[PDB]
Structures are given as C-alpha cells and as structure tokens.
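Here we start with a single chain on its own, the form solved without the partner chain, put down as structure tokens.
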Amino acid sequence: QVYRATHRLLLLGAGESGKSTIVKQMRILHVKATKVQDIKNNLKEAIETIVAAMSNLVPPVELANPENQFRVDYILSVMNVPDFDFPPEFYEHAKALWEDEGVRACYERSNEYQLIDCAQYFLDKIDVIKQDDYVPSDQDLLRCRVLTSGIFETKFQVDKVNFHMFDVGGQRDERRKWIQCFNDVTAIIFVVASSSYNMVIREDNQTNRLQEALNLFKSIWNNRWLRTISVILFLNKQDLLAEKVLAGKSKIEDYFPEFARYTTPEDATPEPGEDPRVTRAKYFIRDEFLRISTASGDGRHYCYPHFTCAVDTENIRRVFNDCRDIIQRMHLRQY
C-alpha cells in the first residue's frame, strides 16, 4: 500500500556524471572521519595522476623548475601503497608541485588522461585539508568523489510528500543491476556531464564521453521496460562547460562536426549577461539529446531537460522544486 503511494525516482547516467552529487544535495535539503579519509584520498589521487602523466603525454611536459624533481620522485614512490599515513612531507611536496608551471600545464591537458573532477578544487586547499582540526564543509563533501558499486536508496519527505530515490553505479560493470530498479518507477532522472565532450570513458579509453552518454540515453529511451516512463534530463556541469567554452582551447567542433552549422535556438533563454558562445554550446548539447528523445515514444512518455550544476545547492533546490509538480502528475498518470 505504502509502496504505490511513494514517489520513486531512479537516477541514471554514465560514470562521474553527477548522480551521487544529486543525492548529497537531497540529504542537505530534506534529511565524518571516514569522509576526511575520502577527501585526503581524492587529494592524493589528484597529484599522483598529474605528476604521473607528465612523462606519458605526447609531447611530454617537463617541470618549470628542475629543482622540483625530488618531489616528483617522492609522489611516485608513495604511489600505490597500503593505507598511506599522510605525513606532513606529503602536503608540502603536493603544494610545491601544484605551484610549478609545468605541473599546471599538465593539468591543462587533463582531457588526454583520466583525471578526477575535484582535482583543482582540492589542490587549491591543501593547507585547509592538512590541519589537525580540519572539519569538511558542505561543499567539500559535495566535491568528494567515491565511486558507486551497488544500489543506494535515499528516502526524504518534501512538503509532506514522500520520495524514494535510487542511485546506481554509472560505469558498465554496474549497468546490469539497473533492471533491479525498474519496478513502479515514477520518473527517471538522467544526468549528463556536459563538459566532457573532449574526454574519453575510463572503461576503454577510446569512446568519447559525451558520445557514451548519448548512446546510454538512447538505450534508456527505448528500453522495453521503460516505455511509459518519462525522463528528467539534467544537462549537468554547466559551470565546467562554460569555463571550457570560455577558455577556447579545446573546440566542440573537433569532437562534434555538426556543431559547425548549429545556430542558437530562437527560444533559448540565456542567463543575464551570459556569453553568446556559452548559450550556443549549452543548447547544442541539449539538442543532441532531444533528437533522440523525439524519435520515438508515441506520446507515451516525454523528456524534460534542465541546465544544472550538481555541486550548487541553490541550483539543485530550484530545479528540483520546479519538478515536484510534474512528478505528481506522472504518478497520477500511472493510476
């Protein structure tokens, strides 16, 4: 009985797209020692990855300061070892490396390798993290990355209405377990890491990320079990997408040729003073998905897109509240 009365929302999307970051935003709105481990862990992974990559790129990247070489040597030594003790000498080698113009130049070419999203975020606050009395903020916990293996349900009430939300693992190994969640689903929330148009998936290091998303979305929109189900599509990481468009170093055209003839829609509503180039790039990415969503469905289900930033509490509070009504509609449309 309570079963059918529940608003059952299923988060889907590839890996590192923004799924658990959405759940975290839900707990902060409607609902620590291990967490500092995870934050310290992300911090270690960030630096190892950058320094490890310098001598593997083509052309390779060398240190701006030859005298930093011993620090590279340390980082690479303590690479994959058992439960690392995080000595003080770790925090200073990491900081000094991060300030090196060559370590940075390798960071700028990070789409050529597999770097985590929180990388810069955490590297900018090594001095805060290292303190004994350090207590992670709400934002730190949002940025913190922990890969999801398994199915995690999160229950929360909003204006007296109850929601049960399912977070899954995004990578390929995990997609098998998804079918275990298809029962009585009110709405699917599909998340997209929009800024990843110039990157490749971890699984095979060949498949374009944005492409993987488009296919996974195609598979979802046409799934035998989800014919009736409507999809709320978060075109996420708007902040990163913008920055990349404004940096102008990696072009969307090179990865997606069709963008060359693309023109901003007549009904595109840009943010106050938003650069025209951002507008175009963000609406292009949107229209890549709507092509798929309009191809089938026969009016049995619909796609409702939104531009989001999963790490922005006020953004996720706004977009989520603006959906509470259609979700109710969809639930009554199921009865």
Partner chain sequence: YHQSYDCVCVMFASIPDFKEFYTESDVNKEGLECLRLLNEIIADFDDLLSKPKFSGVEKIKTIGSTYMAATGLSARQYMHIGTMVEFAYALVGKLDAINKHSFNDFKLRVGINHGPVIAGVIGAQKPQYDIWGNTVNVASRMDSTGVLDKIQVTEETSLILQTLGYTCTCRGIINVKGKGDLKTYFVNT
Given for the second form:
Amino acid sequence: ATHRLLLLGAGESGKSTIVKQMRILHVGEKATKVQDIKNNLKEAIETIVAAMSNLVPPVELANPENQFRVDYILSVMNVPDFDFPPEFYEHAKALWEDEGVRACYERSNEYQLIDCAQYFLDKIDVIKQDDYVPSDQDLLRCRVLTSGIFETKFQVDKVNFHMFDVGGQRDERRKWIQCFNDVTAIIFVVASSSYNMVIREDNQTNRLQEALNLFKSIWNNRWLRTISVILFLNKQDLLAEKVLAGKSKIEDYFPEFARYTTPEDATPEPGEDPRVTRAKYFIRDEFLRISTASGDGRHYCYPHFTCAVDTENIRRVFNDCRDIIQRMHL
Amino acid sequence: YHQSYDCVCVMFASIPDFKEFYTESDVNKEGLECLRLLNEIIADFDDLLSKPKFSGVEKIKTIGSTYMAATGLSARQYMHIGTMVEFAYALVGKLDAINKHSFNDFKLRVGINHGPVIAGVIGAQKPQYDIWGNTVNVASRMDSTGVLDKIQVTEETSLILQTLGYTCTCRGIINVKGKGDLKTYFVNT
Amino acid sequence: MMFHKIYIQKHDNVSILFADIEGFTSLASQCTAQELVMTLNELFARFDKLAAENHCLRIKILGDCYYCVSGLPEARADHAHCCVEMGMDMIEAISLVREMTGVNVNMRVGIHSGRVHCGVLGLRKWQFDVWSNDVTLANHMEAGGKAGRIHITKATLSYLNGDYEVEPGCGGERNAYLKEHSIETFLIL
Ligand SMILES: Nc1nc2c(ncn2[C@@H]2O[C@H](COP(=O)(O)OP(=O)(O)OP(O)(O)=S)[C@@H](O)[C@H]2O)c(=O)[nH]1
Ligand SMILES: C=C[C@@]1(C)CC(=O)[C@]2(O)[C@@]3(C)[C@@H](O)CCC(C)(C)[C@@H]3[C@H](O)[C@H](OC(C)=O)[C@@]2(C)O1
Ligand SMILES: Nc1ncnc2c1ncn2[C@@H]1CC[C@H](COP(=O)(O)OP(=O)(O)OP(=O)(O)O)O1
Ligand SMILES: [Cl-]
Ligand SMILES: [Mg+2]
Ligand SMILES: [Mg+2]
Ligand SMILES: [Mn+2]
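With the form solved without the partner chain done, generate the form solved in complex with the partner chain in the same format.
All chains and molecules follow, beginning with the one already shown.
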C-alpha cells in the first residue's frame, strides 16, 4: 500500500522542515550544510543591522564602538564568495550583544528576517570552530529556499509513502498542478506565528491572510474536490512566545479576534496558558471556517497543532496522520 | 470534394507561454502532467462551441497549444466576423478561469482575418476537414506577430469590424514574411 | 475523477520526421486558391501513400507542414530507417509534382529519434498527434534544414546502424535552437 502526500503552503511555512523530520524519523552529508548554516548566520546579522537606520523611528546603537563593526558588516554584505575569517564571527557576536541591535531584532516583524536568526546567533562560538559538526536541530533550523518539486520516499511499518515538497512563493505555485492528479492527501502547512508579518513577495500582504487565501484556493480548487486536507498549524512555539510577550496583539491584525472565545471541546496541553490556548484555536477556526462552507462530504479537513523543528511533536502528529489515511481508506 | 467560399472568418488563438511551462522530469512523468493541463484548457475552449451564441463557430483543429477556428462555413452579411471576435473574448474568460485554479498567468494572443478559402479533405489517409488559402495564411501571421492580450486584425477586417460598431487602433506597418508591408490594427476591448 | 480522462500514451525508441514548404505564404499569394489546393493535394496524397509503404504513421498536415512517425503504434526496431526511407521517397515525389504542375515547390526535411507522448487532446474534433521535447527538436531540425535534403540528428544517426552516408549538418549555424541545445546535425547524401 503506497500513499502520495503533497506539501502545500506559502513560503517559509515549514514544508521542507517537515520533509527533513521524515528522514530523521523514517530513513556524511552534514559537511555540506555547514556552508548553508554560515550563510543563514551572515544573512541574519546583516539584515538586522541594515534595518536599524531604515525603521521609523530608527534604532540607535547602545555602544558607539559597534558603529565600526556595522560599517564592517555592510561592506561585506554583497561579497560573493565570503571566506568567513575569524574576524567576522567576532564582529557579528559583538553586535549581537549590543542592546540596540537587540531592540531592532525585536521589531523584526517590520522587515524581512529569516526564522533561524536567534537560533544561530546564540551559538556563533559553536559554528566558528573549524571542527564544527552540525547537530540534528541545526540542520532542521537551516533555511534554504525551495524552487522546483522534490520527491522523498520512506517506509513506515511496511507501508510506502511518496512525499512531494514544493516551493511556497508566488512564482513557484505554478508548479503544484503537476502533482494534483492521483494525490492520496494534501498536507497544508501554515506559519501560525506570522500574524504580525507581511509576505516577502510584495511587502504588503499579511502573511496569515496570504495563508488563508491560499487555503481557500486549494480547498475550493476544481481538481481537488475529493481530496482531503491535513492542516498543519505549524510554528506553535513561536506563536506562544509571541502571545505571552504581549508586544504584538493578534486583534491589531485580525479584529475578529476580539469576539472569539475558546471552544468547549478544546484540549489544551498540560500547563498551557489560556491565552495561548485561545490564540492557537482562533487561528485553527479561521481555517476551519473555510473548510466548513463547501465540500459536502466529498472530502474533509484534519487540523493538527505543529512545531516542525521538534522531532518529538512530528513523530506524534505524523502517527496521527498515518491513522487518518488508513481508517478512511485513502 | 472541395468547396469554395467568399467570406469566411479565420482565427488563430495562441498561448505563447505554454512552451516554457512545459518541462520533462520524473516528477511530472516526462511531461505528461503538463499535457494534462493542456487537455483541460482545450476542453474548456471546446465547451464554448455548445453555447447557442457560438453555433456558427467551427473548430478546425488545434496546432500544438494554438486554437484554430472559423465562422461563415454554413453559408449584416458580415455579422459572422463580429461573432469570431466574440468567441476570442470568451476563450480569454476560460483561460482566466484555468489560471485561477492552476496558479499560473497564461495569456492568449489572437489573430483574425477574413476572405475566400477552400474547404474539404486532403490527402489519402483520414477524413479531416480543413480550410486553405492566403486568407488562412495571413490570419496566422496576425497571431505570430501579435501581442499578448490583444486581437490583431488586418485592414479590411478592421473596416468590417468598424461598420459593426468596433473600435480599432492602428498597430502600424509590419513586414509580414511572404507578404511584405501590411498595415494592421488592434481591436479595442 | 476531477480531471478529464486523458487519452494519451508514452512511447520510447521512435522516430519523427517533419517536412515543410519553403516560401508557402509567398506562393499562396500568387496562384488562385484552387491551384494551391490542387497542387497541395497532389503532393500530400502521394506522401500519404508513401507513408504506408514505409511503415510510417502520418500524423497531421498543418497547411504546408507534413509530419509522421515510425515505431507507432506497435514497436519496430527498424524505426530510424523508415523515416530515412520516407524522406527519400518524399523528396523524389516533390520533384515530380514540381515538373507536371510548374509550381515552385521545395521542402526541407528533418528527423530526430527519442521518446514521445501521443494520442488526442480536448473533447471536440479529435486528431492523433505527438508531444515531447524530442518532437520539438525534430520540428526545429526541419527549420534548420536545407531545401530538398534530409537533415538528421546524431541521436537518429545512432539508430541508423551506419547504412547511410552523411556529411556535417552545421544546423547550429542555421538554427538558434540547435545551437543553444548543443545539437550535432548531419545531412544524408
Ligand atoms: N521556531 C520554528 N521554526 C520553524 C518551524 N518550522 C519551520 N521553522 C523554520 O522556518 C524556516 C522556514 O521553513 P521552510 O521549511 O524552509 O519553509 P518552506 O515552507 O519549505 O518554504 P519554501 O521552500 O516554500 S520558500 C526554517 O528555518 C525552519 O527551520 C517551527 O515550528 N518553529
Ligand atoms: C505542447 C507543448 C509543446 C512543447 C509540445 C510539442 O512538442 C509541440 O506541441 C509541437 C512541436 C509538436 O506537437 C509537433 C507539432 C507542432 C505544431 C510543431 C508543435 C508546436 O510547435 C508546439 O508549440 C506551440 C508553439 O504550440 C509544441 C512545441 O508544444
Ligand atoms: N490549415 C492550416 N492548418 C494549420 N496551419 C496552417 C493552415 N493553413 C496555413 N497554415 C499556416 C499559417 C502560415 C503557415 C505557412 O507558412 P510558414 O510559416 O511555414 O512559412 P513559409 O512557408 O512562408 O516559409 P518558410 O516555411 O520557408 O519559413 O502555415
Ligand atoms: Cl504561512
Ligand atoms: Mg521549502
Ligand atoms: Mg509551414
Ligand atoms: Mn513553410
């Protein structure tokens, strides 16, 4: 018995991460990913530093000494083959310790910053080493844009799976069609914590709103009328962290949130703050509210709260997916 | 048997961007998945022929991803020409619908001409109806030298369209392979 | 099923031949629609007969463009030879029709071998056809050919088993597609 799962969702939602977790779960190369991890690191610091003078109001450095390091970073920003001299890591680390740089980082939702920014900058001392070996979590956090369609195959209890990973950005979506025919089920990934952010494509469209429009496009599509959708409400960790912080209020981006109460049948995790419960379920309902409008039994929607960078959470939710495929005879 | 006609309107509707969309990989089954979409596109165009307002439209064939059709084969002596332009608008609606569900942005490029043609079957293999002539050649040139989202017509075709209440904008004089300098117009939508 | 049933099947190890008239638009601008059709029917009827004699399956006729494939429907290891022999007879037939008609007819011939997808598209007016990068290449080989000669690719030459004498094609310098794709062409003597 073989199943063909397709991964859809907007860019940076976590699709490629889900595929990686499949290898760590159901399936020498770490030496090539190092270069990518360093690029993420470089890209992270330069983006924060470049945004400082462009924000309204601008963010000032806490240490005038670091102004020279800022000048340093900006000069090498477009260097094709960067050789990463030990100097770079020193300057980068010093900037990351500057309070000004931190305050700018806090307002990262006001510009385009990769998700692994904080993860890598906190371990510069680890990556700088010439004998550095990437951990599992490092490879999971490493971000590299997907362009084209990739196929991954794995077995789970003698059951075959063919997982297709595609690009989530606008220009790439034109390729999805090539995987619509005879798809066992679709896995729609959503970056739940991206409610206070806008897409890269135009710098205006709200990231969560884009997710919603895209889901409505897939759920109501003419060639997917009988195809069920497994909805991964990804980035649960960043969602909770944001909700608790209290700086960005969900109701400032999605007004309707002010009239939302937690459903009775809600199953919160042990020790989970009510505010987090209320937020994660609100987001789930915005998506369910679309899946409810049409379909009429010829296909359903199966929600799941998810954190792709957690092999623990993924093993659990994917097992739940395994059950859905088999008991529904898909 | 071949039959002559004096006033038949021919149309060639292309999708210039399809060739680029088409690729062969192990994921798309050596281009089969791409052809699956072309089949959906042609099918939606073919379904317009059943609309009562298009009963006078004859689909001749499909060259690759180009759609070839004609009106006036079942013969305001000129209304059939205006109808051909109405059919070209409807294809755009159908292609826009496909784009919506396939996350693409395919655009149609039309060319229309009118005049005498010869209709019938040719060769010795299969009974395939077709139309020939300089009129059919020029219609096709109006497509290949056309612009995306535009309908390019010839001078006399433009005059007929105007009598029917159509606005046309001069594209200028272009050197058409085999014909030389021809003045052509763009229909105003 | 939400996708229309597709009537398409894949086929490996086949050959594709294209043939096209040189300056057909210029020719159709000189003689009556009747003459053009009589001349064109005199030519293609013979081709169609020559097709069956050479185990070639005629696909379709696009005005002045004539094309067929070998290895279809049923497989045949003699494929490359069939198209080569088909071109041979074709070029000769063109010369006879040129003599008794008086019309200046000349055609370029092109051949390539590889895989294709074949069948039909849409709902109305079905017509057997072929699609694939290899088919696209064969089409360009014709465009990059020479008046009254058979232009073949290296891929096709490897199926010929050395039964025909060829010479450097230099198609790269006659057609942009052939160059950008690093194609090595030849010309059968
Ligand atoms: N903290 C956190 N980071 C996550 C989570 N899921 C994914 N990420 C990170 O977000 C980034 C983007 O994820 P990725 O998988 O690359 O997106 P994508 O959907 O494949 O993106 P694309 O190819 O359409 S452009 C990666 O750095 C990844 O590690 C999550 O649940 N929590
Ligand atoms: C459908 C896609 C693709 C790529 C497939 C293909 O091989 C073609 O259909 C051929 C070559 C092929 O079908 C043979 C006939 C003809 C008429 C020569 C085609 C056109 O040139 C198509 O392009 C156009 C412009 O319609 C092309 C190239 O399109
Ligand atoms: N019934 C038809 N079906 C499809 N295409 C047609 C039909 N009638 C004519 N055509 C087309 C439009 C013009 C084209 C013939 O001209 P073509 O573009 O081959 O050039 P040409 O013959 O003038 O010059 P050349 O072949 O030397 O470049 O074939
Ligand atoms: Cl998203
Ligand atoms: Mg990706
Ligand atoms: Mg031609
Ligand atoms: Mn020609």
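Residue numbers count along the first chain shown, from 1. Whichever C-alpha set is largest while still superposing within 1.5 Å between the two forms counts as the rigid core. Only residues modelled in both forms are compared.
After superposition on the rigid core, stretches of three or more consecutive residues whose Cα atoms move by at least 2 Å between the two forms are found at 32-34, 328-332.
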